[PDB]
Amino acid sequence: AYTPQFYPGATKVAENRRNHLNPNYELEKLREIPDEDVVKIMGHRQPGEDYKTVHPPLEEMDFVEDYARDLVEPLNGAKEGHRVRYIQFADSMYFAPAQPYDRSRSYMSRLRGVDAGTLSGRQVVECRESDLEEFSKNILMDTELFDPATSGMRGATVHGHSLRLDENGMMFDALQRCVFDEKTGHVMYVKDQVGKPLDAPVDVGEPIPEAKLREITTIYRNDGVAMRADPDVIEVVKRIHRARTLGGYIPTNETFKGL
Amino acid sequence: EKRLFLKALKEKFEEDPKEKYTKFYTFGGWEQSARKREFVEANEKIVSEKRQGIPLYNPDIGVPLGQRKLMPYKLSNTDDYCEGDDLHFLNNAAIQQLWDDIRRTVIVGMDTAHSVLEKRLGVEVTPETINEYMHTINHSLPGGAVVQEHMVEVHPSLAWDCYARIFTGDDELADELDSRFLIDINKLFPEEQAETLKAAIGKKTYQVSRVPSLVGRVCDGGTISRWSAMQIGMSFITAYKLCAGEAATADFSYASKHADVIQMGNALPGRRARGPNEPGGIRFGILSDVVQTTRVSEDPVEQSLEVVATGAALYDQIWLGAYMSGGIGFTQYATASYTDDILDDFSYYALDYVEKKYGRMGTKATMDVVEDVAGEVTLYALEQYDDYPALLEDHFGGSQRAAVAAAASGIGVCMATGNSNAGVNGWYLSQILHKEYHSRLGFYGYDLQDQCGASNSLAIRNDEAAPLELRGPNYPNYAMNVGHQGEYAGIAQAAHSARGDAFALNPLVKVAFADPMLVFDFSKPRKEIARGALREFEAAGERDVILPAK
Amino acid sequence: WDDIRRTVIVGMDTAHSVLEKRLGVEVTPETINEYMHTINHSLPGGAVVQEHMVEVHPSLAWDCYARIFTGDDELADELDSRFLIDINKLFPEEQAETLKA
Amino acid sequence: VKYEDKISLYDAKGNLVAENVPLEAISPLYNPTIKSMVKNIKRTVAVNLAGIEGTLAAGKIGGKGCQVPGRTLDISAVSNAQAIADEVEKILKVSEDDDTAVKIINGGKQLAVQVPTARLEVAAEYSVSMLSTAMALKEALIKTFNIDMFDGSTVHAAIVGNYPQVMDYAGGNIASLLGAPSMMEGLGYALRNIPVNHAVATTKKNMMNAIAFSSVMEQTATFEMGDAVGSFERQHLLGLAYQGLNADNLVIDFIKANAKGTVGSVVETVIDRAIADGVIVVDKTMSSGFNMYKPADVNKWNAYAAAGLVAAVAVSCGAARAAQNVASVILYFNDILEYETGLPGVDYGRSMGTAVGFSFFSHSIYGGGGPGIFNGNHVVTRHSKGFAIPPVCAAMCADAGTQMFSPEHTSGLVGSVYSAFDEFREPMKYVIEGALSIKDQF
Amino acid sequence: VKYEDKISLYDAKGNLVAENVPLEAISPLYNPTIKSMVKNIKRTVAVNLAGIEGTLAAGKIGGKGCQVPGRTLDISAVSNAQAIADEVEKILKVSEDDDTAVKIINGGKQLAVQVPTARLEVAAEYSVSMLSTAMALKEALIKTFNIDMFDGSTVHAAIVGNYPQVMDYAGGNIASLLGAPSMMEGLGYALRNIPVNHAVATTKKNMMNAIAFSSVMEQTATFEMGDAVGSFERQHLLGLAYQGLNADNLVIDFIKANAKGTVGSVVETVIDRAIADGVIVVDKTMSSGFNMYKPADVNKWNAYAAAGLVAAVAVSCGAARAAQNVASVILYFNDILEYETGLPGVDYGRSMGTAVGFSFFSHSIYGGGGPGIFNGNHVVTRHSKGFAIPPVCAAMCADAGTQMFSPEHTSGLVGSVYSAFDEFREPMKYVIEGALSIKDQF
Ligand code: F43
Ligand SMILES: C[C@@H](OP(=O)(O)O)[C@H](NC(=O)CCCCCCS)C(=O)O
Ligand SMILES: O=S(=O)(O)CCS
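In order, the protein sequences belong to chains A, C, F, E and D. Numbering-wise (the authors' numbering), the first sequence opens with residue 2 and increments by one. Numbering-wise (the authors' numbering), the second sequence opens with residue 4 and increments by one. Numbering-wise (the authors' numbering), the third sequence opens with residue 102 and increments by one. Numbering-wise (the authors' numbering), the fourth sequence opens with residue 2 and increments by one. Numbering-wise (the authors' numbering), the fifth sequence opens with residue 2 and increments by one.
With the rest of the complex left out, here is chain A:
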C-alpha cells in the first residue's frame, strides 16, 4: 500500500507536527482528570442528567433507502440523537504544545464525524455531546495536547494567545476561568469555558515546565527553532504555491513542466 509521511521537515517542531498528524502515534499521558470534572468544565450539562435530544434516534425515525449513506457507521451520539456541543481551546504563542492549525489537522485525521475550526485566538471542535465528552476527556485534556498554563478552554472572550504570560507562566484570561494556587503548585478551574462559576474548583494539574514545552511544541519561533532551520517545509510551501499558480493559469501538463 502507501505509507503516509504526514508532514515535511527534519526539525523537532516538524517531528511534533508529524506525531500529532499520525493517528497511530500514542499521545503521551500527563494528567488524569475524571469524566465528571471535564463535563462540569465544559459547562454544557451537569453530571447526572440525561443527554438532551435535538432529533429522535435513528432507529425510531424512518429514512429512505440510501446505499451510499447507510454503509458508513454513525457515531453513538448520532444514533441516539444527541445534540451537537462544542469544546474550544485557546493556545498561547509561547511554546504551547498544541497549535490551532495543528490541532484542527490532528482532530480531522484522528476523530470521526467532528467539525474542526481554526482561528488565531481559538480552535473549536463540534461533535455529538456524548462522543465530544469521550474524546475530550480521553485526548484533549489528559495528554500532551494540553497544558493548563499555555492552553485554556474558553467558550467566549478569547484573548491572550498572543499576549505575554504573567509571573506564574499562565495565559491571560479576562474572565479568569483559570487560577493558580501557589501553596499546591497546581492549576484550578473556577469557571466553565463560557464563564459561569462552578460550585467547587476542579484541579487540572501542574503546568508543563518550559524546558519540556520547548521540545513538544508545534510552533516555529526565533527563540525556539525557526523555519530558517527547516528549509524543506519552506520548499514544500513554495512548490504548493507554484503548482496552484500554474494550475490556475493553464491546467495542462505542458504548463506543469516549469514546476
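The set of hints was computed from the structure by calculation and includes no laboratory data. Some clues are possibly wrong.
[Stated by the list, open to error] Derived BS3-like pairs: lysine-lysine, alpha-carbon spacing no greater than 25 Å straight-line:
#: 1; chain 1: D; residue 1: 36; chain 2: E; residue 2: 91
#: 2; chain 1: D; residue 1: 36; chain 2: E; residue 2: 40
#: 3; chain 1: E; residue 1: 7; chain 2: D; residue 2: 91
#: 4; chain 1: E; residue 1: 3; chain 2: D; residue 2: 91
#: 5; chain 1: E; residue 1: 36; chain 2: D; residue 2: 94
#: 6; chain 1: E; residue 1: 440; chain 2: E; residue 2: 301
#: 7; chain 1: D; residue 1: 14; chain 2: D; residue 2: 261
#: 8; chain 1: D; residue 1: 205; chain 2: A; residue 2: 80
Given the coordinates of chain A, assemble chains C, F, E and D with the ligands onto it according to the supplied hints.
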C-alpha cells in the same frame, strides 16, 4: 538592533519590548482610559436628558473591559498619539470627510459640449465664455438658482464645501482661464509628472464638480452624478443663452452630462446592490490615484503606505466595517496597517532587500523572484514578531499580522518586478508561509482569497482574471473579507511607485484630487486621521445653521 | 427620512426556536428582558465580548433604540416597559384588537 | 386552428404576395424566420480586433480615461487576423458539422463570430456566446503571440474590460446585440435591447425593413414577457402583422393617400378605412352631432390604429426629412384620433405615454440623446408593448442627416456584422416567405 | 474525439454498467440527458394552489407579514384544480402535441406545469416560463371563479408577490428551481442559482443522486460561463465524470474503504489509488525524507482529488449524521492532502478557500447560515467551479435533522413539484443511459 517600530513600543508599553512577562488585572477596568470615562459621563447625561430613562451604554454588562492595558496608538510618520476609540470611523470626522470627498466627486469632460456649442448650436466658445460658465456653475452647484429669486435655494453656509473646478491639458487655455477655479497641473505637480499627466490627458478640458457633503449625508452615493449632471446642464443653458425646448438641446445635454462622465465607483449587483460612487465600486488603481503622495514625495515605500492607510480606512473601516457588516466594526483590523511603523519597517526592509539583490527594477517578473522575495520578507516579518513580545501584543489579532507581513512581501515584489499581479502572488505566498510558520492565520474568514488567490492571481478565465489596478471590493474573491482590500491598493501603487509613475490608473482622478479646495487633503492621509483623532479636523456637512441652539 | 431609513423590524420567534430546540436553552421573559438590556447597549455600538475593543461615542448614538412589541398580552405583561412598545396603550381599543389579531 | 383571421401579405413595394394567410403564420411561435433571427441574435458576437490592438499598444485598459502605465503589449491582431480567427473557430468548435463561424470583417480589423447552437442548447441564458468568445479569443491571443504568463490579465482587460469588478463589458472590444440579463428593466426584456439605429443600419436605411425588424423584435419580446398570452395574443399578432409586416397593404395605402397630407389627414384616412372595413361602427349620436364610434373588433381596430401611426410618422418625417418629429406625431396622432372618434388610441394610451417619454427624452436639457438610441429596455420607452418603437425606425429612415445620433455614428459595426445575414438585412421579405412556407399546416 | 481517455460507468449501488466509455459521452454538449435536463429545468414551474387560496382568503398579499384589509377573495382553487389545470394547459398550448403538461400534485394542493419548448425557442432567457404560467393562472382564476375587474390586481398579487416593484417572486405562490436573473452575481451564473436544499429535496434526500444533480448543474454552468472551453474543458469533464458520476467507482470504493475511518484515512486512500493508477509520481526526495509528488496527469489528479473530497464529506457526515461538517471536511481534506503530498488541492486551492469562507459564514454573525441555503450563485460558494457544491448536497442528504433551515422547511413546494419527474429525481441512472446512447459516436 534598531527598528522603526521600536519608539512606539517604548511609548505604549511600560515594560521592555523584548520582555516576555508582564501583569494584568490591576488596571481598574475601563477607568484606565479617559475616553471610556468621557463615554460614561456622556451616557448618563444623554440618558437622563434625552432618553427619559432608557439605558443606552452599560459598561457593567458584557465583557469586563480593561483587564489588560488599553494601549494608545501612534500614527505612522506622525509624532502624535491617540486612543483606539478616536480611530473609529464614527468617532473620527477625518475618516468621514475622507469618504465624503471621494463620494461627492464627479469628473465631467467639456470637449464634446464645446464642439456641439460651436457647430450645432452656433455659439462661440471663448475663454471668457468658459469663465462665465464656471461662475454660473459655482453659483448653481451648491443650491443656487441663477437670476431666479422666486426659486427655492439651499442656504449658502450649509454648502460651504461645494466647489466647481476646471483643469485642462491645453496650456494656453490654462493660462487664459481664471485661476480662481482652476486646478493648475503645472504648479501642483513636479515637471516630469506634469508633463506625463499632460501627455496622458491630452488637449482636453475637464470640470470637477464637488457636490456639497450634506447631499451625500442625506442621500446615497448615486445621487452625486445626477446632482452634478443637472446643475451642469442648468448652468450651461444659463451661461450660454440656449433654448431648452429643442432636440439640439437634448444632443447638447448628452454631450455635456452623458458623454465623458468619470465616476468614482461603479454600481454593484446582486446581494451587494448599491449605486455608483460607493466604496465597493472603487477600483484599487482609482484609489491609488486619489492619494497624492507622488506629488510631494519620491520615496516609493511612503507612496505605497499612504495608499495602504487610505485603503484601510476606507475599505476595512467604512465599506466592510459598516456598509457590509455594521456594528462596532473593523477599526483596529485596519489601523494596524497605519498605527506604528511596523508596516513601515517591514516595507523598508523589503525595499532594502530588493535593492541589494535585484536592484530597483532590474528583473522581469518570473516565479523565482516572487518566491524568494516574498519568502524572505515573510520570514523577517514573522521573526520580528517572534523576538519582540510587545510587537505581538500590539498586533494581538492574527488577521491585524498576516496582512502586514503579506503587504510588505507584495510591496517588495512590486518593487522588484513592477507588476501588480506578481505582487499579489507574493501576497498569497506570504499568507500560506505565515500559516505554516505560526500554525495560525487570521480570523476563522480569513483566507478564502489567500488560498484561492494563488490560482487566480495570474488566471485568464472570465471571472478570475483582472489586473490588480482593475480589481476592487466587487472582485468575487475580495468581496467579503477584511484585511485585504486596503493593502491590495498599496500593492497596486507599489507597482507604479517602483517605476516612478505619475499616476496608476486614471490621470483625471489624479489631477482632480490634487485640488487645494478639498477639505480633506489627500497628500498626507496619516496626518489628517491624527487631526480627526485629536478633534481638530473641521469637517463638512453639518446642519448647524438650520438647527436650534438649545 | 432618517427615521424611516434607520428602522428595521426583525421577528424574534425563529431565534427563540433555535435557542430552544437546537441549543436546549429555555427562553423566559426574564431572559428576554436580559436580552433587551443587552441589545440596548450593543446596538449603539457597545462591546459585549472581545476584550480590548473600542466603542462609539454615546453622544452620537442617543437616538439609537432597540424596542420590542408582542401580539401576546401574556408575554407583554411581564416584560420591561422601558423597551416595550405597548399596543394597548398607544392605540384605540378596536384598532388595538385589530392589530393584535 | 383557433384564430379565423386571414391576412394578405405585401412586399415593401406594395405588391401582393399571397392572400388568405392565417394570422398565426407570422407568429413568433410558428414562423421559422423569426426563430432563426432569435437564435442568430443569441449566438452572434462582434469582435473588434483593431480596438484590442489599440488598447494593448497604448495600455488603455479599464474604462473612460483609464490607462495603466507599464502594462502595454505590442501585438499585431489585424495583421494576423486569419490565424486568430482559425484558432477561435477551433476552440469554439464542438462537432465537425458545427455552426461555428468566425468570419473576417473589414480586412482583419473586425471579427464576426457565431458560436454553435450546441453551447446554447445547454445554457439558461444567451451570455454563453460572449463569455465563450472572450475565452477563445484570450486563448488564441496568448497562443498566437507568445504572451507572458504575467500579462494574461492585461489581455483579459483589453478584451472584456473590468468584468469581475463591473458586471458588464464596458472598456472592452467585444459586443453583442443583447445586454447583460441582470441589466434589464424588467423580466423578459432581453429582446427589447436593439436600438433604433442598429435596426436602421442593419436594414441599410430601408423604411419597411427597419419597421419589420423593430416590430418582430418587440412583439417576440412581448411573447417572451408573457404579455401576449391568452386574450392578448390576438392583439399582439394583429399589431405585428399590421404594423411591421404591412398586412393588407395598410401602411403603404395610408402613405400613398397622404403623400401631400398631414397627421390629421392620416387620422381621417385611418377612420375612413376602419369604417369601410367594418372594424368600427357608430355607437350613438350626441345632441351636438358627433356620432360616437365603438369597435366591432377591438384588436383589429388597435392594429389599424398602429398601422396608421406608422404611416403618420412616415408622412410627417418624410415631409420634414428630419427624425426629430417622432414624439409629437405619435402623441398628437393618438390625441386627434381619440378626440375625433371617441375611440381608444394605440395600446389604449400606452403609445401616447411613451410618446410623452420620447418628448421629454429627446427635446430638452432634461433629455438625453436623440431618437436613434430608443430601445424598449429603457425606463422611458418600456411602457408601450411593441407599438411605439417601430415608427421611430421609419422616422430615422426618413432622416436626411440632421441628427447627431445618426446610424452611421452609432451602428457602423452593427451594420457591417449583421447586414451579411439575409433575414436581418431584409426581415420583411424573409418573414413573409417563412409565413408562406407554413400556410398549409394551419 | 479530441480526448482519448476512457472511463467506466457505475450506478449509485457500485455495480458496473459499461466500460471504455469516452469522456465526451458525459459532456453537457453531447449527453442527451444533460440537454434534456437543461431544457426541462427552464420550462418547469412550481405552483402553490393551496398557497394561492390561503393568500387570497386572508388577504396575505405583499410578502413578510403584509395584509391588505378589504382585498379578500374566497375561492376554491384546490377543489377546482382540475378545471384550473385544464384552462392553464389550454392557454399555454402552442400546437396540439407540444410538450405541455400540467400535472396535479398532492390532490390539487400543488401544480406542476411545463410550458412548451416552442415558447422558449424564441425566448432569450428562461423567465418566459414563470411569467407565462403566471398570466395563464391569472386568466384561469379570473374566468373560473367570476372575479370582479377590480380584484384581478389582488389575484395578480396573490400569484406573484411584488413583481413590478420588486424584480423577483418573493410574496407569490409560484416558484422554479432557477432564481431570477436579477439575482445573478455574474454572467452565466443562471444554472448556479439552485440552492443546496432545492437539489436535496428534488432528489428526495438520496446522496448519490443529489451529488449527480449538483455536479451536472455546476459543470454545465461552467460550460455556460465559458470557463470550461479550450484547454480548460478536459479538467471540468473529468471533474464531472469522477466527482458526480463515480466513473471508475472511485467515490463508492473510497467510502467503502473508509466506512469506519476519518478524513485522513480517505486522504491516504486517495493518494494510494492515485499512485497505483499512475496518476501521480514521485518528483524528488528531500533531505528530511519527504517524498514530493508531481502529477503525471494534472486533470486526472484533479478529478481523483475531487472524488476523494466527496467521499471524505460523505464519510464524515455519515459518521456524525449532521450536515454542519462540510466546510471543515472540505478545508482539511485539501489542507492535509497538500502537505502530505506536496500536490495542489481539489481546485488548486480555489475550493479550500471556498471552505475557509464557508467556515466563516456557517459559524459567525456576519451572514450566510446553514449549509442548505448556499449555492453556486452565492458570494461565499461561487469561487470553486463545480467542485464544492456536490459535497454540500451530499452532507445535507446525510443530515438526520440537526438543521433548522432543512430542505423540508425551505424547499417544500419546489421539492414536491420537481420530484415528480424521473430525470430530476434520479439523474445518475439517466445520465449514464444518455452516455450509453452516444458511446459509439466518438
Ligand atoms: C463573537 C465573535 C464572532 C463574530 O462574528 N465576531 C466576534 C465578535 C465581533 C464583534 C465584537 C462585539 C463586541 O465588541 O463584543 C465585532 C465588532 C463585529 C460587530 N460588528 O459586532 C467584531 N468581532 Ni471579532 N474582532 C476583532 C478581532 C477578533 C479576533 C481576536 C484575536 C484574539 O485575540 O483572539 C478573533 C478572531 C479569532 O478567531 O482569532 C475575533 C473573534 C470574534 N469576533 C468572535 C469570538 C470572540 C471571542 O473573544 O469570544 N475577533 C481582532 O483580531 C482585532 C480586530 C477586532 C474587531 C474590532 C476592531 O477592529 O476594533 C472585532 C470585530
Ligand atoms: C455572505 C453575505 O451575507 P448573506 O448570506 O447575503 O446574508 C454577505 N456578507 C458579507 O459580504 C459580509 C462582509 C463583511 C462582514 C465580514 C467581514 S470579515 C452580505 O452581507 O451580503
Ligand atoms: O471569529 S470570526 O473569524 O468568526 C470573526 C472575527 S471579527
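Hints, one by one, checked against the model:
The straight-line distance between the Cα atoms of residue 36(D) and residue 91(E) is roughly 23 Å, inside the 25 Å bound, and the hint therefore holds. The straight-line distance between the Cα atoms of residue 36(D) and residue 40(E) is roughly 17 Å, inside the 25 Å bound, and the hint therefore holds. For the proposed pair residue 7(E) and residue 91(D), the alpha carbon gap of about 22 Å is at most 25 Å, so the pair holds. Distance restraint check for residue 3(E) and residue 91(D): the Cα-Cα separation of roughly 11 Å lies within the 25 Å cut-off, and the hinted pair is therefore satisfied.
The straight-line distance between the Cα atoms of residue 36(E) and residue 94(D) is roughly 18 Å, inside the 25 Å bound, and the hint therefore holds. Taking the CA atoms of residue 440(E) and residue 301(E), the gap is near 21 Å; set against the 25 Å cutoff, the hint holds. Proximity of residue 14(D) to residue 261(D) is assessed by CA-CA distance (about 19 Å); at most 25 Å being required, the pair is judged to hold. About 21 Å separates the Cα atoms of residue 205(D) and residue 80(A), which keeps this hinted pair within 25 Å; it holds.
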